[PDB]
Amino acid sequence: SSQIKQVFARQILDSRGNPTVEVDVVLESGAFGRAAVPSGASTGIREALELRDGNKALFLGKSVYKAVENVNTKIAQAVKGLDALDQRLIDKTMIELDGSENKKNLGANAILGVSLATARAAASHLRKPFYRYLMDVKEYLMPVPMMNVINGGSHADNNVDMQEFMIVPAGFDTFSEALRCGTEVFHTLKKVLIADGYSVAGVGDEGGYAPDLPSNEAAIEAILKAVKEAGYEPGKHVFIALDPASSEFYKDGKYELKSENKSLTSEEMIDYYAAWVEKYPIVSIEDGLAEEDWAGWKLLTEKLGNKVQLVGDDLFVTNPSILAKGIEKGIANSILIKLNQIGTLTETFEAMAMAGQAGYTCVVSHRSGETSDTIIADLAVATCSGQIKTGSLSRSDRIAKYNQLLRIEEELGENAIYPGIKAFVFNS
Amino acid sequence: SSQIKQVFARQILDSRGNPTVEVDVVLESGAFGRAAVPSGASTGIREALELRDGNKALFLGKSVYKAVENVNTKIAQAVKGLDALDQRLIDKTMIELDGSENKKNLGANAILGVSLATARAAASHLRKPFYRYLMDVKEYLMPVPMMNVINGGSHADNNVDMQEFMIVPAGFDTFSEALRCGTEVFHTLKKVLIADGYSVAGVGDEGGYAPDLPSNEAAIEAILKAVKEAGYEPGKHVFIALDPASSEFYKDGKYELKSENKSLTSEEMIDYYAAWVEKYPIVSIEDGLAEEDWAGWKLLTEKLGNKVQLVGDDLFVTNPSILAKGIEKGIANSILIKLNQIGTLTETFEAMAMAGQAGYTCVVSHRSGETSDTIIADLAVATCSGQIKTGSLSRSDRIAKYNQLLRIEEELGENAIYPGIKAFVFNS
Amino acid sequence: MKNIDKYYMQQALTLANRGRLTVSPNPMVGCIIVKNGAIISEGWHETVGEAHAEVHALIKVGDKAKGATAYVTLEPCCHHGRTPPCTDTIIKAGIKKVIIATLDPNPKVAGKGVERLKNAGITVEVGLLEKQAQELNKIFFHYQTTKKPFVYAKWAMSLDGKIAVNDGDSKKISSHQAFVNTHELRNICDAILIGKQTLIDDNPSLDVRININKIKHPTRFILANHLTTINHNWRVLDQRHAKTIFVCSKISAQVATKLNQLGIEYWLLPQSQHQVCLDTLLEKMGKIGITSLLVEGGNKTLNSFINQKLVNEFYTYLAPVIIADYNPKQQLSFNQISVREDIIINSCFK
Amino acid sequence: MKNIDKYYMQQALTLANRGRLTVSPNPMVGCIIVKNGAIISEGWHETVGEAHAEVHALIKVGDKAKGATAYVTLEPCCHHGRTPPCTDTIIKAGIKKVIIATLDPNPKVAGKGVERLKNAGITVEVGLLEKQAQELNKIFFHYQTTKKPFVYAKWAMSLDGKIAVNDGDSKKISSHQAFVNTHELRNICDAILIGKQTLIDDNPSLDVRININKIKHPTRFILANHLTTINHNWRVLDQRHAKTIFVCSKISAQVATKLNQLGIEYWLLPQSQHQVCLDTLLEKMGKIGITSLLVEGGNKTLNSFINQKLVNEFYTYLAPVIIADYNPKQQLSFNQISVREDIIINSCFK
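Top to bottom, those sequences are chains C, Y, F and G.
For the UniProt record's numbering, add 1 to where a residue sits in the first sequence, where the first one is 1.
For the UniProt record's numbering, add 1 to where a residue sits in the second sequence, where the first one is 1.
With the UniProt record's numbering, letter number 180 in the third sequence gets 180, and the count goes up by one each step, no holes.
With the UniProt record's numbering, letter number 163 in the fourth sequence gets 163, and the count goes up by one each step, no holes.
Certain hints may be false.
Below, simulated DMTMM-like cross-link-like pairs (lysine to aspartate or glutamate); rule was C-alpha separation at most 25 Å, straight line [what the hints assert, rightly or not]:
no. : chain 1 : residue 1 : chain 2 : residue 2
1   : F       : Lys97     : C       : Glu329
2   : Y       : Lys6      : Y       : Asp25
3   : G       : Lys66     : Y       : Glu329
4   : C       : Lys192    : Y       : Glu279
5   : C       : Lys330    : C       : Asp294
In short, the hints are calculated from the structure, not lab data.
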């Protein structure tokens, strides 16, 4: 039998030394599933909210005892006895039990942990790999990774207005050569940043360096010379991916580029982005404009939608309603998918199916407070949308995903293919 | 049947972006075990040897294709058909097959991976936890964690001549309160280092901060200030552990403290350590003297052996012969245990059994390049060693061990004992 | 995502499987209506006589399905005049595209709904996840293609191969999970069949005694080669919950008159291979309305059904019990069960 | 590390288990010698008549064992004729402390090696990991405490509970893993027992036909209530590999003369419960030298042994076949096996 027998939760620590909820689900046949919830935002009006105690005598205020107790009483007596192979049933049961649109009463972490643990238990019951449980097809696409090499203004004191710079090794026939290229370029970038007399000692939350660069041009040129110093040609083997997250330096309708001491409007901001577009092998602009400036987003999709890929993270917050509004208004041509932002697996599948039928490309993403669970690699392989954003090559919470991808690539030897440059559907 | 059916190897990446060997072992009954080898030293004179390709066209020069091929041909055709429940037979089979004292012909990583994977497969075959498979007793002792908070000489350029400063939360009745104390003190230490105008940009390999402190006294005072500001009393709740590793600044028989610009002999060096011993709540001195200066080690054990715990890492390199020589000469007070420094599980057990019968305390240790495997937590619980050295609270390869310890202490709820201050057997 | 249609069809089959225990003799049908990339409808056939999956899916959405897409695991029924056809509801709703997993198993009905939909210009695709949707409906597909019931054989045995126990024993060779599985198979099946010897020995009632939302007691069949004795204390003579039918080849006049007075219907069939004609009995049950049949207990009945190759699936309840000349059976305890090509079992107790 | 003695005793038990197949009728004994916290000696008992575990451990370390500690699974022999006394070797080698898991199972010998060791001032501790060391040596402990053989019951049966196939089939209801397990049990056991009917029907040779280090053919016992017919083509009459003993209650004069000419030894025992006296047979087996007994095949023999409570452990080989009224077996295929209190099996290939 595949009915749920036991649901248990406990308070563990994530990759940043912060409490988080970890859930175990045991079925009647003995199948066991385990799921940890990466940390997300505990306040807002758009995303699903995360419940925390707010006790100063506890960890800082971040104890998650209320979420664990809510699981162990309410969700355990609600979802006990349901068939674990019907994900819609458990998901809608938790949604109806909670009774709020933003999951305030029970918290999104509890619900997401229960759903992921149930999915893993069901996959173990059928004796299947998790990506084959999610989607059972013959031919699979291996994701193209974006590797966060340089961190910027929000993550460090750099005098850099940009947030993240990434390398995309898209000129290879297999995932193994792409991973080798990423590793070699990371090491050569460390050596190059050392040679130019920069502070390199240390590492960020996502494994990327945060040197005190003078400008964004210097960062891009350093990345390009690290690419060409490691034996690979820029523009043919390694491309550049951007992440401004321009909500930080937007005030009163003006984009404030503090690194160059400029105040730009929208159309000239797109002009700057285009100058970069035919200046460098840059094909990605994630959150290149604010989430409140939709007119500029429409302009950007009009005049740059056929030259690069425009990604929206704060714009769509993994929400089917906002994504549908963006589709009917014709804004952007990609979406960044985060599991924690919506709270259930079925709504994530609905959002990515909407993006797939709209013609967009999906990018499975990670969070800052990551755990040892490697579910996003299986998620990216299963849905055959080959692009992933799972950090750089510098720490185990970012290396476990690439190790899982290597195991998948070797266990699907004939039936796994790597779409190197064809994975960027922005031209023709 | 528990006979070995299949042995397979892979080149995966560790927490530092360097290749390492992973081994999967499958028995005839279907039991599956998987083991990853943390990176060790690839050259030396008194340690087990690690084999690397030495090819510049590959990753940098460090790829493990030779070790993987050696596994897949030689070790796979050697250990196939042997009983997985006889660890000694398999280990001595690999030792005899390799035929060298430092495991030069096959590499220590291959042999250690095969042995650990075989142990995990045997434990899974019996349907037992790994710590309960290693030692099946009723009462278990939870390890006292030593948590790295400051990194110095080799880990950073911050003119601190001592390597590591660590906090020991030994004033609590359970492991959960100790972990909460470590978390709160870590966060308050970050806040204190920020408030004093010190750059805390980034995190180290072992999860600890590397600020530009002026002296070691400043480091210890900052740690004590963080303990006081986090709500706990120094000397009753939190003690301090040291790691000088004086092999770095020992030349021509002189201990050169570059931070204070001093040259000291051995006797004044132990005098300085004693001044620190009744200056601060410091109970540990790991590698407090050089590994070639055995006379100073004997004098240090003579006149500081009953006041603190003396730990030897480069002195004994997890070697039964050198440890036996140190016991017969009466040197040091404890030993730091690393798995890959000897290459097999049975030799590790022999070393710890000798240390236990000699009256020493054992501390299970981690390494710089770590994987997602959590062998050392189960190892520390199984052998009832009351100490562990598994890093700080900042990374998943350092947090997975603490999560495993939390799961163990709730699984053994009645039969788990936390020896807070009694775990330091140095007085009476 | 690149396999969106497969995803929606898999969700449709999950919705269809939601009605596992209560739909016979009607099949398992799920339905999903998708418009603008968002699923706004859900439907599944849950009880016999109620609304079909398409109607249950399209009534709740009103008329917001204009221009949507339908994922339906079975061909919509058109010839069935008992209710307004689902094709009519689909056409009035305004669905542009209909994707069907399998055609209707009946050859005379197969293709009629597809053509009727394609007259109105609707786009019809048939063949997505066809094998899974045919395996989900194995009972209905077998009954429609063959016009004979689906047969389940289920019995319990000890470790040495004995089904029945000695006289005076507790007569329990099964645990609670076997009880639950047995009553679930009783709820699913449309009939229950035993032998005369089992009736005179155990005196069983073939109802359902666990918790199901809709309790569906199967029709009772009592197989007897010769009918001479009728007992008043038999529990199967109570017609309050279900119906009891006596299958026979030679019946006495007194027995026939007693059954006519009691209201029990008897079936007279020829004799073949030391039994009644089982093929004729299967044909008659198929004609009268039973879709699936369950055979429980009796070495004679089980052996007769096995020898004619009429069984489609098996169930065995093996307990750690030794059955011998002992008046009470001696319990055991399993130590190693290694499941492979052939089960290898080790027992330590006793 | 805190439980070092338990660790060393566990290693000694592993070395003892290293000699599982080729030690009967001798017991399974391991040995560790530890000096200065380092294990410098290892020993286990393998083969009958070779060096004892203590002698094997202490012959490599001629003089480095002075003042060491011995972890020995079983109490060392004092006056037994298996080997020169290991207590003498321990005393001469200079062992300071001896730790013993269990005492010797024989009451006439238990507690004398301990006294001999304690006469010389050696420290003796008895009782560390005693239960595991008694479970490891279950066969020898049972034989020494009871003076009756340890007995295994092993048979293969189909899904419907039939042991013997119909006349004409391949007579195979077992796989290769069952073959390996059967021959390993044959190598372990000191005897093999079948019935007269099984030998008539199958004509089996009860040797060992697998690739292992040392072949130990079991002693053959043929049980026959009445002996009247002797066949020249029997495979058990060949005495080149093992020995054959006929057990009977009534034997013809011609049969007795033929057996005397052939060199076959017959045992005459009284009749009890439609069989020969099995208790007297077990007593004679214990007296003559057999330690382990293996009973394979034959419904009569198995039923006779089972209902009289002789059997100590069981082994069942269940295959997915149906054996009922057909010359060829109807091969099945399992779909899912749920192992719990009672095994629940599902299969459909028929």
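Hint check results:
1. F:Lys97 - C:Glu329: With Cα atoms ~21 Å apart, F:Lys97 and C:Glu329 stay inside 25 Å; holds.
2. Y:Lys6 - Y:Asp25: holds, 11 Å
3. G:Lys66 - Y:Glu329: holds, 17 Å
4. C:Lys192 - Y:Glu279: violated, 44 Å
5. C:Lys330 - C:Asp294: Holds, at about 13 Å.
The structure fails to meet hint 4 from the earlier list, while all remaining hints are met.
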